[PDB]
Each structure stands twice: as structure tokens, then as C-alpha cells.
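Heads up, the chain below is alone and in the form solved without this ligand; it's given as C-alpha cells.
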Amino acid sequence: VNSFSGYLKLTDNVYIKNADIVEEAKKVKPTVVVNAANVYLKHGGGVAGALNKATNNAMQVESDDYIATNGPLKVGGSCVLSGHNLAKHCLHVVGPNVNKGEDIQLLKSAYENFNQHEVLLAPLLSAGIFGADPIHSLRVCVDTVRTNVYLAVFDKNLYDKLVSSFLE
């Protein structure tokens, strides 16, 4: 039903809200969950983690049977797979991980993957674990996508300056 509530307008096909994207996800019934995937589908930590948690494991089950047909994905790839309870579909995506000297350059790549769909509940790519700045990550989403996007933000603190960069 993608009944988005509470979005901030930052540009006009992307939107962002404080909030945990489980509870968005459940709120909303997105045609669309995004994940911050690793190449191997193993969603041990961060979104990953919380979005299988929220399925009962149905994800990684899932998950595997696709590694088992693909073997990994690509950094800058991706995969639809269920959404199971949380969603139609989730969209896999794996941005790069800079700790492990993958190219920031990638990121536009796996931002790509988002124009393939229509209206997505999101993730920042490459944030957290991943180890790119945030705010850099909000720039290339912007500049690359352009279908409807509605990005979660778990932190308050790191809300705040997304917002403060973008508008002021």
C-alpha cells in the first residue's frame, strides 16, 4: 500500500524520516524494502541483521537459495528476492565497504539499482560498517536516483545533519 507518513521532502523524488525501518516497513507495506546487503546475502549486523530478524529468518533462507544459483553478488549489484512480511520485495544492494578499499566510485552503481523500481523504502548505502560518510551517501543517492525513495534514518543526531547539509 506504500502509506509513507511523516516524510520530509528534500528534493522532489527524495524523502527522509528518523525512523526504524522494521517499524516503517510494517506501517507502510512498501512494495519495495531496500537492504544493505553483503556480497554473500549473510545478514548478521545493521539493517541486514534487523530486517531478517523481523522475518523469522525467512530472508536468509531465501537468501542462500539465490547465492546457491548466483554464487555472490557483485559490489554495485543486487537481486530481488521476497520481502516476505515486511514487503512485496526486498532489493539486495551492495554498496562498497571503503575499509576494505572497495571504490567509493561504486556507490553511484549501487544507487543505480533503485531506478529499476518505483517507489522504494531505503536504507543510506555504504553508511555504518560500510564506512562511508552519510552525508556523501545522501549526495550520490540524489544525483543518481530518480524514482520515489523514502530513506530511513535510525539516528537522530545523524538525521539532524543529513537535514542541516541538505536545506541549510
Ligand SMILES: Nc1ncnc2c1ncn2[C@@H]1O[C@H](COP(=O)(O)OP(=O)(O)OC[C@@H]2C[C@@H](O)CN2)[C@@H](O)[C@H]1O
The other form holds:
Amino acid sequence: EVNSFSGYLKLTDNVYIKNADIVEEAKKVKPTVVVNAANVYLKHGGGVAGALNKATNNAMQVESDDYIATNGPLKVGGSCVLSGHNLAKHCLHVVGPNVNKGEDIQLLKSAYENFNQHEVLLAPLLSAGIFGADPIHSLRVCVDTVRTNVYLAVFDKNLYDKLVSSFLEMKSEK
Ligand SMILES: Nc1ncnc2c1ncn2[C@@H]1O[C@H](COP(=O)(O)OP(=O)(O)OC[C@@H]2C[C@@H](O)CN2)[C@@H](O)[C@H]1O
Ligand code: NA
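Could you give the coordinates for the form solved in complex with this ligand, as opposed to the form solved without this ligand above?
Now the complete complex, all chains and molecules, led by this one.
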């Protein structure tokens, strides 16, 4: 019922990847945890964050505003667990560094560390879009940091092929 993932490519024992839209995957799989690539104020404008919020008919944004009002912003590299609304049981909002604003790229390791508190997650590549991190570097940090089962949704077919191709070089390099 829950967590019925299909059609993924196995990269390691715990990291999987698929050329798919993350919202479509969540609707098909009804996962326990879906990952949002967030900013510290939980303002869902564009990217994965906008996609998930629209699919919840803006419920995610209202909940986030309420969370922020009570608790204040997240830290870069931090996370919070909120409702997954109609897409998942829970949504893990993770804030990767915004390299375009000069934030420290090493904090991407902190962001993916949050994945290790959940048995299985559907997730995007953190900081690889609006936040300006290299998608390949984001995959490297994911692969090196996450010990739990992470299912990565990469919607662009050209990016998917480049990531898989670059991953092979990473394994044979050392
Ligand atoms: N709907 C999508 N399904 C699967 N993958 C997606 C989807 N939309 C974007 N992506 C990809 O997921 C990766 C992460 O991109 P973003 O969603 O912009 O995340 P990020 O760079 O951490 O920036 C977070 C900001 C925080 C808010 O301002 C809105 N987005 C990139 O490779 C995107 O091309
Ligand atoms: Na699936």
C-alpha cells in the first residue's frame, strides 16, 4: 500500500534514482515521507517546493506559515517534519544551502544528514536547482551521507542521463 516504489535504478544499497516528477511519484506511491527542498522561511515559490504546495491546493503553505509564526525560521542545513497532506503521510522540509546567495556548500552534507532519521524517503536533489548547487555534487553528497533508503526523483531526462553517467565515473574513479 504505502511506499510502493517501482522503476528505480539502484545506485547503492540505499540510494535509488528515477526519471520522474516528484509529485507524480508521491501520488502513485503514497509514501511515508516525501522530501521538500525548502528555504529557511518555508516560502514555497517555484521548484519542487511550488510543485508540492500546488498539489496540496496551498495547504502546505498555510501550515508552513503557521509553523514559522510559532517557531521561527529553520537553519540552513536544518529540517522540520510537517504534514504530507494528500501526497504523503509526512513531509520532511529540508533546507539546502543557497549557493547563489553565497551560503556555504559544505552545509549540503548537513541537509542530507536529516534523511537519516527516516527509514524511507522520496526526495529531490537538494540545492541543485534554484539554489545553484551542481546536481552531480548534490548526488555525491546524497550518496556519501544517506544510510537510509532514499528514492530520488529527477524529472528532466537529460539531467538524469548526465547524473547516472557521472555516477559511474565516481564509482570507478575510486
Ligand atoms: N517537480 C519536480 N520533480 C522532480 N524533480 C524536480 C521537480 N522540480 C524541480 N526538480 C529538480 O529537483 C532539484 C532541486 O531543485 P529545487 O526544487 O529548485 O530546489 P533547491 O535548489 O534546493 O531550491 C529550493 C527553493 C526553496 C524555495 O525558494 C523554492 N525552491 C533540481 O534538479 C530540479 O531540477
Ligand atoms: Na513508483
